[PDB]
Structures are given as C-alpha cells and as structure tokens.
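**Student:** Listed here are the chains, written in short residue letters.
2 protein chains.
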Amino acid sequence: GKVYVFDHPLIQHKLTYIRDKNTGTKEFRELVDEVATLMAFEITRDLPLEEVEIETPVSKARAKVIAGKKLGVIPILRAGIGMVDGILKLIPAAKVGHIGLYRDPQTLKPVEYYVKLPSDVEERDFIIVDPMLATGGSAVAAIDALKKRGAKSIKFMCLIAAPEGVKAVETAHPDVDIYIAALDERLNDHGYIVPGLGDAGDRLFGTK
Amino acid sequence: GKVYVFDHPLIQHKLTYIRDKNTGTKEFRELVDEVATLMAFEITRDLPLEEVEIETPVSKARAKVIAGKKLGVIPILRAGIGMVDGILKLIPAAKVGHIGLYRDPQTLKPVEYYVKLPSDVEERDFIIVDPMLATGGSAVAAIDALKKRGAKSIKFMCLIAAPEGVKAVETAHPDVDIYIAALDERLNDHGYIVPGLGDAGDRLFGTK
Ligand SMILES: O=c1ccn([C@@H]2O[C@H](COP(=O)(O)O)[C@@H](O)[C@H]2O)c(=O)[nH]1
Ligand SMILES: O=c1ccn([C@@H]2O[C@H](COP(=O)(O)O)[C@@H](O)[C@H]2O)c(=O)[nH]1
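Protein chains in written order, with the UniProt record's numbering: chain F, 2 to 209; chain V, 2 to 209.
Misleading hints may appear alongside valid ones.
Pairs of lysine-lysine, DSBU-like flavour, derived with a Cα cap of 30 Å [as the list claims (entries may be wrong)]:
no.	chain 1	residue 1	chain 2	residue 2
1	F	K90	V	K110
2	V	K27	V	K156
3	F	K71	V	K27
4	V	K71	F	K22
5	V	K156	F	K65
6	F	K61	V	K71
7	V	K168	V	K117
Everything labelled a hint here was simulated from the structure, so no lab data went into it.
Please build the complete structure, drawing on both the sequences and the hints.
**Tutor:** Take a look at the structure:
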C-alpha cells in the first residue's frame, strides 16, 4: 500500500527533541504523546461527513457531522501505549485493544502471544500503533493477529520507520497503509533504526 | 488578502454542535476551545524550519526545528478569550495581549478603548482572534489598534464569518489574511450572522 509521511513543522520540531539522546524520560514521554495527538489530526482528515439539519439561536441551518463509524486503537506492547491517549484525545469514542508478542530462541519472527480486542471487531476500522517500525517483524505479527479475528480495515502508524520494515509490511500485507513521521535510512546489526531514537520502551517508561 | 477556510471534518463536526441552540454553555465553552486548538494546528503549518545537527542514542543526525520567531495571540474582549488557551496549547511561548473596544451612541464603528500588548511589538507576528466576524467593525478597529503600535504581521482568525465582515476587512486592510472555519450567508437587522451561532459571549460565559 501507500505510506504517508506527516511533515508538519510542529511534528518535525518535536521529533528532533524526541531523537536527541539528552532528552530525559519525562520529556520524551510527554513529547511522544504530543506528536501522537498531532498525527491523529492528520490521519482523521478522512472521516466521512453526513449532513444533518440543526437550528442555531438565529435560524435553521444545514451542517455536517462525522459519518458515524467505529474506531479501534491498538498499541503493540509495550512502547505502543505511549501513543494511545494522544490519539484518544481526538477520538474518545474509539475502543482500545492490546496485543502482546513473544520471541523464540531460534526464530526470525515475533509471534502472537496476548490478544484482547473490543467485541465488535468485524465492524470497526483499526489503527495499530507502535513508535518504531524496524524489521517489520512485530508489525506483521500484529496485523496477522487482527486479520485472523476478522477486522477488515487496518492502518499502521508510527513515528520512525526503516526501509526494510516498510518493505516487510508491503510484502506481507499490501492492503494496509502506513503512516509515519519520518523514514530513516537503515538498521544496524542489533535491529535499531539509524539514526532513529534508541529504545522507545526504555525512553518511555524509564525502566525495563 | 486571502481567506482560508479550514474544512477538516473534525472542525466541521464540532462546529455543528457549537451552532446548535441546545448546546449548553459548558459544552459550548469546551467545544470552542477544541476547535481553537485544531485551527491552531492548520494555521501553524507555515512555521519556517531551520536544520540543526543532533545526536541520537544510535548516531548523529540532521534534524529540523522551528525557525525561531515570536508569536502574539490577541483576543478581542470579551468572547475572544474563548480561543486563546486552545492556541496556547500548541504555542506556549506566544505572548498574549488584549484589546477592548467601546461603542458610542450615534456612531457606525467600534473604537480602540483598552490596549495591553507585549513590549516586543515591532518584532512579533500577531494573530487577532474573535469567534465572530460580523460587520467587520470590531476586527478593523482591532487591526488599526495593532498597526498603530507597529506590528507588521497581522492575521485574523475566527470560527464563523459573514460576507460583509470579510469585505469590510479586505477593504480596510488588504495586507491581513483571514482564517475562518465557516462562511455563513448574511447579517440580520441586529447584526447577527445567519445562521451563525447566536451571541458568542453569552454562550461562552453563560453570563452578561
Ligand atoms: O530502533 C528500534 C527498533 C525497534 N524498536 C522496538 O522493538 C520492537 C521490534 O520491532 P521490529 O524489529 O519487529 O520492527 C518494536 O516494538 C519497536 O518499538 C525500538 O524501540 N527501537
Ligand atoms: O452573530 C454575532 C455577531 C457578532 N458577535 C460579536 O459581536 C462583536 C461585534 O462584531 P462586529 O459586528 O463588529 O463584526 C464581536 O466581538 C463578535 O464576537 C456575536 O457574538 N455574534
């Protein structure tokens, strides 16, 4: 599918401090939440409009309201929770589901481990969120997880992504669009995005 | 100058409930604040970017930060304060100035009455805010007020505006751009925008 880069100068600005190694855990946490809300605005620019008829204190009028559709925000444990409340600010109605993944010794990919979703799965559109899209491993497992439960609308959103990871998602799931804030250049032997921002989880929780 | 209409479906959605006569003062207040923050995002999409060199926990990097410029938010008493904090959320650094206007018995236009601005006036760009742009009377008086103090960058932003009021501003100040969320059709004998939303001040403060 297509990848959308959100280049708003405010996102770009906050992203810079998010990357800087000197930004402590508290600022990091707060900055990600902010960039999360900002991207939520850009992404929801799609929401279908239906027009009703209201009546202001002056006269009647033809206004518009949001189409009426169910939304689902699903963070990938653990660094994923860092971007939920930010999105929930704009869409308080959206339901929140979580997904855990485990990794085995001699394997090349993560695997579904813990899944909790809202019961109306078949109906609502979902947005899987995770700060980093590296090898695409965790993202793919997560989407496979959702498709298996029958959600037919899946979008992925992250701050920073690596080419390989984007390709991994394209290949495995061409029907899923990707929303990123920046596309870095590559991965290193340990799987970190370069230049990236280090370990999202540690920077967020300030703990292991 | 040019008028920019922000048609984001979220703004359109919230605007509808803002107009509805049945929305009580508390929701109104809160809804305006929200639409204010949302418009603040759209308007600041301009902010110039300068690129610095940071160093993430993984490697060095070339990032961008906001140009560095001073901003001023100036509400027109009284319904103007309803949109300040919403904007301040995105730009906490911006300074806040107020402007009061009085009206005399046999006159056709408002007039500067109370003015308090940050001292760096000559330097910073300002955004005058007021929920409604009706006859354009109050807006013009307000801009005249700022130009007289030597601010050379002035933008006007409101929720709903009437054609006459837009024209009034164009005529009196062609160098000021206008940012609105909706352009209604006309004014009635009492000066209210049709369909509009009634008296912004009463709906906001719930008092006279
Ligand atoms: O530089 C990186 C790369 C990955 N991850 C995290 O490691 C997990 C594995 O991503 P992936 O390698 O499966 O793409 C994801 O939860 C992601 O947030 C980071 O925190 N920093
Ligand atoms: O329908 C309207 C028209 C105007 N005003 C308020 O009355 C003042 C006068 O605007 P104007 O007639 O000078 O344009 C402004 O502060 C504006 O917010 C309203 O509350 N509702």
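**Student:** All hints are to be evaluated individually against the structure, with a verdict given for each.
**Tutor:** Taking the hints in turn, this is what the structure says about them:
1. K90/F x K110/V: violated, 41 Å
2. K27/V x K156/V: Holds, at about 28 Å.
3. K71/F x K27/V: Holds, at about 26 Å.
4. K71/V x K22/F: holds, 27 Å
5. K156/V x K65/F: holds, 27 Å
6. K61/F x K71/V: violated, 42 Å
7. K168/V x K117/V: Distance of about 27 Å is within 30 Å: holds.
The structure is inconsistent with the numbered hints 1 and 6, although it conforms to all the rest.
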